[PDB]
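Missing here is one protein chain; the remaining ones are kept as they sit in the complex.
Think of it as A and B in the order they're written, each chain with its own count starting at 1.
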Amino acid sequence: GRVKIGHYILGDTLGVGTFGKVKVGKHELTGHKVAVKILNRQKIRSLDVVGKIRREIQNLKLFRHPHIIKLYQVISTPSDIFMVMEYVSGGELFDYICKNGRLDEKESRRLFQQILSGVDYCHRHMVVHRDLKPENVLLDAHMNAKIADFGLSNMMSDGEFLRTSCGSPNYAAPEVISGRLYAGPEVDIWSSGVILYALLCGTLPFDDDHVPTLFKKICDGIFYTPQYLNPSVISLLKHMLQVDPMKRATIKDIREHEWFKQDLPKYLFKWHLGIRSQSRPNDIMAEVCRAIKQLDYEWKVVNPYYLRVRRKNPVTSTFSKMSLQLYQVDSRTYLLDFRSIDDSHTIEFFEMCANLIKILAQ
Amino acid sequence: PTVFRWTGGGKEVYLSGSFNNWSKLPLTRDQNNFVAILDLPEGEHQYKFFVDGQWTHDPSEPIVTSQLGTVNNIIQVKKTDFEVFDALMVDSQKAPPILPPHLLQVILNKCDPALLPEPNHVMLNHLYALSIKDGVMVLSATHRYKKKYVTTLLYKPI
Partner (left out) sequence: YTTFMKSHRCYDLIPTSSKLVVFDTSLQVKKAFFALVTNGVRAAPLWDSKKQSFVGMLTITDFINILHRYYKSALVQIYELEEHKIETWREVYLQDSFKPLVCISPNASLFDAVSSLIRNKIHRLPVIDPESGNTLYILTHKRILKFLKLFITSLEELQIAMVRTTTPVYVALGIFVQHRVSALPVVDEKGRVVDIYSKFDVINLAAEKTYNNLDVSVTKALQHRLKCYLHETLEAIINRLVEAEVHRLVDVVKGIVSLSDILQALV
């Protein structure tokens, strides 16, 4: 007798995904087909990704968008965890584009709209699926996009940037291949931009076998626009494939763009940050402590440039916390940033900061 | 349900256990993985493997040596193991970065003077300040209450 889970008999391995094996599940009596992510509890703790999966499930378990793969149920067992999810027959968009050529302007657009609706849904729920590529975009029998591998995804918390340089280097954004900090949605837009190019051309905008020249071309934002390409979509690709994240197209700018707006279905949709110093970054970090202890405030040094400090309130008798990060601005300057931590809170935060500033450099 | 997985090769691999009256149930092969999934009442259960003529236990898995020299594997099936979030819960037991440009973007500088643009979630709770223009220090930060935002400006002397 065949292996069951739910009442689904486990079939062929569809793929090997982010953290574990994905196999088909055909229902015992109905014949219904699901895709099953098999996560070994012991493997997922060897890589300390237990937190990541706890969260992934948490998000994916409530999302209900037509161009995102639904997480039907999570079956836990003593040894392994099973992620029962909707199955799509059409497979990889990658292989579609491989077998067939590039898509025509009309068809390309349809899919880009669907894909973007999904990307938009995620970001609207504080989820940024890093790893967006035609390899992770699946197709159903009726040629609908289905965003599929959230293993590499991450949450968007108020006040924080992400660091993990994740996903294929062709679809990866300049700030990702450069390993710089990012807000999140902008790395998904840059990925959606390369997807769009692939749909319209059947090739990658940024592609080279010489890895160093591939990484250069990505940061050079330079890609080729073939003669068949529509100038209106060219304007769009140019806006999405901006090396400056501050200059990069937004899900709104995209929605607003004329090539996108077309045939689009309804159902789819002087101040200073902190105090900047010039000493050697380790002198500045020494400077901060010979000032924090001087104020008698408890802390925890996370990184050599990140500290999580608490102040004991003498009046209200309630502890107030703030985190401190040191970045670099110029070739010649560094900057200490003060971020509030959630348990008047705000006024006490400014007070906690100010005292530290009067005894500190620019 | 419980997962009984034998790892390594074999023409024929069977799971014999206490739960099945030591009958030989066959395991389905993937590659070098032979599995049978089956629910068993939370408590104690002993098993063994009949892999190509030889009876072995799983060395990596917990054993139990009997009074008669019988070495079978054992499985203590918990309630914690069945509920996902309780299971993941028990399962969980340089130089400076470059300043992201998102932080340099202020909602104050960029109608009603007490109305500001909606901010990027990323530049929330960060401290911003004005140059000390003779003994008075101005501090500011944007935060969110429910689905709404407030940019608090503190005028404090030094």
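Operating definition for what follows: a residue touches a chain if its C-beta (ideal position, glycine included) is under 8 Å from a C-beta of that chain, and two chains touch if they have at least 3 such contacts.
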item	value
Contact residue for the chain not shown (choose from B:68, B:95 or B:115)	B:115
Missing-chain contacts mapped onto chain A	313, 315-316, 344-348, 351
Those residues of chain B which, in the complete complex, touch the missing chain	107-108, 112-119, 136, 142-143, 145-146, 148-157
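What we mean here is this: only the chains that are shown with their structure count from here on.
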item	value
Contact footprint of chain A on chain B as seen in their complex	1-3, 5, 26, 28, 30, 35-37, 75, 77-78, 81-85, 87-89, 91-92, 94-106, 108-109, 120-131, 137, 139-141, 143-144, 150, 152, 154, 156, 158
List of chain A residues in touch with chain B within their complex	1-5, 10, 13, 41, 44-45, 50-51, 53-54, 57, 74-81, 126, 156-161, 180-183, 244-246, 270-275, 281, 303-305, 325-329, 334-335, 337-342, 346-347, 349-351, 353-354, 357-358
